[PDB]
Structure formats: structure tokens, C-alpha cells
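One chain comes next, on its own, written out as C-alpha cells in the form deposited in one PDB entry.
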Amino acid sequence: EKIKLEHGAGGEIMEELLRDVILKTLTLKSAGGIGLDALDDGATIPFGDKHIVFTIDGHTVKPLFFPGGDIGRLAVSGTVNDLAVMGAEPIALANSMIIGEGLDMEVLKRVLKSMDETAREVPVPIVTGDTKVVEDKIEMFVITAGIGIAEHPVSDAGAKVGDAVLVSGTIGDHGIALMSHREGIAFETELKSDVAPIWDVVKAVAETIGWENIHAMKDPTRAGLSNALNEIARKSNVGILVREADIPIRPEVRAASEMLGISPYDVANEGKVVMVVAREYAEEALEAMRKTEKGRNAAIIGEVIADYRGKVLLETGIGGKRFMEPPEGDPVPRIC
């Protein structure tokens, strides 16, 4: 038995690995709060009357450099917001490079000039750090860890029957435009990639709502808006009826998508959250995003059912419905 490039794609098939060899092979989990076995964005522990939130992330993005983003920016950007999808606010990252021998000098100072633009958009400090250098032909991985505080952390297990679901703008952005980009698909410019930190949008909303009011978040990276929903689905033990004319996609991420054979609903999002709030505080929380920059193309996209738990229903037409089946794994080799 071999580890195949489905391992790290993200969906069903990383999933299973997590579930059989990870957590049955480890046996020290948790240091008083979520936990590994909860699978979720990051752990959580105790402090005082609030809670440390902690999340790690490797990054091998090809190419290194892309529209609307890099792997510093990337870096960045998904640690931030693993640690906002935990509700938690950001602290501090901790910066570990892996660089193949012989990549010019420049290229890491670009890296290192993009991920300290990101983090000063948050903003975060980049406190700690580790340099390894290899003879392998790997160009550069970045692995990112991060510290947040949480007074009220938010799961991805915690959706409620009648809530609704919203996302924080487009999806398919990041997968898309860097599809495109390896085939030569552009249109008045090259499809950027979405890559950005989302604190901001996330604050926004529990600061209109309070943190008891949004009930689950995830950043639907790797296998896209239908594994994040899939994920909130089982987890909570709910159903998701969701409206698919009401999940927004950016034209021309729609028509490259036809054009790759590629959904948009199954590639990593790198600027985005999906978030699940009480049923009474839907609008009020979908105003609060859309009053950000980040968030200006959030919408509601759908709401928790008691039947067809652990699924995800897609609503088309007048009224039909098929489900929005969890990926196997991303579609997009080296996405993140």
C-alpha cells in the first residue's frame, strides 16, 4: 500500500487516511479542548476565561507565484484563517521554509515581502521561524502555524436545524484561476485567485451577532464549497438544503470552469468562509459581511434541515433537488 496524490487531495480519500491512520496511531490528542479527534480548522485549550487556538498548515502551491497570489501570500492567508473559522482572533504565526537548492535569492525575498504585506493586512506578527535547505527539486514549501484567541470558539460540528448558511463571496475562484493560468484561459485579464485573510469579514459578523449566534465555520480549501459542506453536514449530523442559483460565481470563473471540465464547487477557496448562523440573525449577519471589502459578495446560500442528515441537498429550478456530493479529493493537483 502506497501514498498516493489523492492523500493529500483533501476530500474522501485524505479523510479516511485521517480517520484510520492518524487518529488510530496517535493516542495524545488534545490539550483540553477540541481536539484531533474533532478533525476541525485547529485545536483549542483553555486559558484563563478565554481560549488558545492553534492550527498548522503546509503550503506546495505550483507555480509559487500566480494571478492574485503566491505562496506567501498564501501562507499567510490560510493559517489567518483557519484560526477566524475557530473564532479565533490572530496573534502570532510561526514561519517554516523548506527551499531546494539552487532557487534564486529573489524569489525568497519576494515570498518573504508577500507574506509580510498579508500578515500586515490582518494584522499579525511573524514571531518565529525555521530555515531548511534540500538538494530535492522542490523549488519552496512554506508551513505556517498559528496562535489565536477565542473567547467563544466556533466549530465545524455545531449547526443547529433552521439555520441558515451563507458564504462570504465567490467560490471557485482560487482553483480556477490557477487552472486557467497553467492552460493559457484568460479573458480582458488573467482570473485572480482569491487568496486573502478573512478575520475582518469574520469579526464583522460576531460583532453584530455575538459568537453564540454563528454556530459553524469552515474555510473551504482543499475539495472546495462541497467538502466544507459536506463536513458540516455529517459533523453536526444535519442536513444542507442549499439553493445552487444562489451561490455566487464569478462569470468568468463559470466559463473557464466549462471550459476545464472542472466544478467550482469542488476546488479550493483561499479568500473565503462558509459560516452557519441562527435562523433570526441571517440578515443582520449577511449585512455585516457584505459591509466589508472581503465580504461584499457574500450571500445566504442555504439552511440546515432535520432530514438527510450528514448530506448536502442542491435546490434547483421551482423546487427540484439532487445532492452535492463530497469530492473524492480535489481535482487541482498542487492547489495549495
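Numbering follows the first chain given and starts at 1. For the two forms, the rigid core is made up of the largest set of C-alpha atoms that agree within 1.5 Å on superposition. Compared with the form deposited in another entry:
Only 46, out of 58, 67, 46, 310, shows a C-alpha shift of 2 Å or more between these two forms on alignment of the rigid core.
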Contents of the next structure:
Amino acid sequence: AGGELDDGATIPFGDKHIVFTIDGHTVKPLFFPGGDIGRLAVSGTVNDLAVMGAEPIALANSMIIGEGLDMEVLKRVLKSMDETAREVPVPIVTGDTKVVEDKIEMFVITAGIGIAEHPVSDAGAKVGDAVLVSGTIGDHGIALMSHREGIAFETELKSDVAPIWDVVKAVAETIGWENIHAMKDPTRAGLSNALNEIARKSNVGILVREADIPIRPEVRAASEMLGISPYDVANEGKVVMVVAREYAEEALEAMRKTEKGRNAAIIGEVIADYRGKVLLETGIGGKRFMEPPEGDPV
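Next up, can you give the form deposited in another entry of this protein, since the form deposited in one PDB entry came first?
Next comes a single chain, given without company.
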């Protein structure tokens, strides 16, 4: 229907499925530990396509730049975008650039198209499935917030920004797309939002063992100083994947064999009770609902 969840849309095309997504990027500063707005723009789009089971086919880039922006800054961002797309690889086939008088530096908006031979969505989780994350959680958002507050560590806290279509493909090549039941790119509102979307869209409950969520020591420390949970901030180089129970170990091992999935872990399982909710277990057995950041409860 003409005219006007926001993770990407699927469009049937004859026998196959085209996935279409768009995302704007307004990160400030433009460069951060581990990356920059250019790498972020390419990685986020690629990751949004990957979690829908779509091989990236093309990216389109719109840049809005302020008149006062130094040409060298622009060149560095373009070089990063080009390099990041080449890691996939996926061509940047078209774009647009606008200059404004406004006192901004640069915004980058990327759209992407992918083709999914075997579509995956956040609505396909099944009871008994294992819930995996491809690596440490909270790195991107905590690294950027930390830098902004002048918080620094011996081992520099960096963003994990990177395209992870390779991590997703590694699992599919091992266990088959049919055994990957759901995925989500844990960007806005982080891991907690991602898990709640899968629980609600698949109409299943999710039980997560808190101790099993991989969190770097530096991220745990910084998040305590910042007063925010690492489960609630953006990740930019991770995937949440729900897989058939009998293939959980194989999927875990496939991810761990990739450089970007080295720290992958099984963090929970899909259940038949509290459908639509995510329950978090403490080491001692304590349980509470894992709610996306903001409202509630008591």
C-alpha cells in the first residue's frame, strides 16, 4: 500500500527476496576509537542486511556536509567507507552529496539492497532454540560514551564496528540456513532491545543466563562509571542469532573460527512461558525481566 520496528524491509521478487534498508548516522565526533562515521555507515547497513539472511548486493550513500568541513576530514571518511565496503565486498553503486551552511560537520546516510536465498527474520524463533551472540556486548556505545567523558583504560576501549556478514555466512555454511531461526543486529537500544524484539515477534519467551553474556572488563568498568547497562547500548560489529538446539554447538564453533566471532557465546534459550518477555538469570538463580532501556518497573 502506498505511503507510510525499522530494521529493514523484504520485497518478494519473482522467486527470490530483496531486502531493503536505510539508516542515518550522526555520530559526533566523526572519528572514534576503533572507527569513524564512514566505517559505521557501511557496517551498519551491511549488518542490517545480514541479519535478514541477505547477501549485500549494493550500497547507496548520501552525505550532508557543512561548509566549514576540512577537505582532509572528508577524504579520510570516504577512504574509510571505500575500505570497509571492500571488506565485504559490496559495491557503493550510487550516492549524493549536499553542502549546507548549517554549522554541522557531516551526516552520512546509507541505504542497502541484499538478496536472501533463505530469508531469516526476528519472528522465527522456536521453543528450545539456543540464543547466541557473536562476541562481546556493549563495546561500541560504551567506548564512545567513555571517550566523550574522558574515561581511558590501559588497554584502549574501542568500538567493535565492522561488517559481520562473514560471521553470519560462516554459520549458515556449516549448519544450513534452515537451522538459523532468527537474528537481530543489536544496534539501537542494544542487546536488550534485540532480545525483546525477537521474543515479541516470534511470540516466545527468552531465558538468558547473565553470567554467560560476554562483557570485556573495561566495558563493565566504564558502564558502571557512566551509569548505564552494557546490554542497553549500541553494538556495531555483532549479531544475535537464534539456532536450532541440536546445532547450537556447531554454530558456536563456526563463529569462534572467524576473527570477528572469536568471543561468541551461547547466552540463553527460547522458552514456552512468558512469551514476549526476556528473563535474566543471575548466577545464584535470581531472576528479573531484561527490559529495553527506559521506562518501568517497580
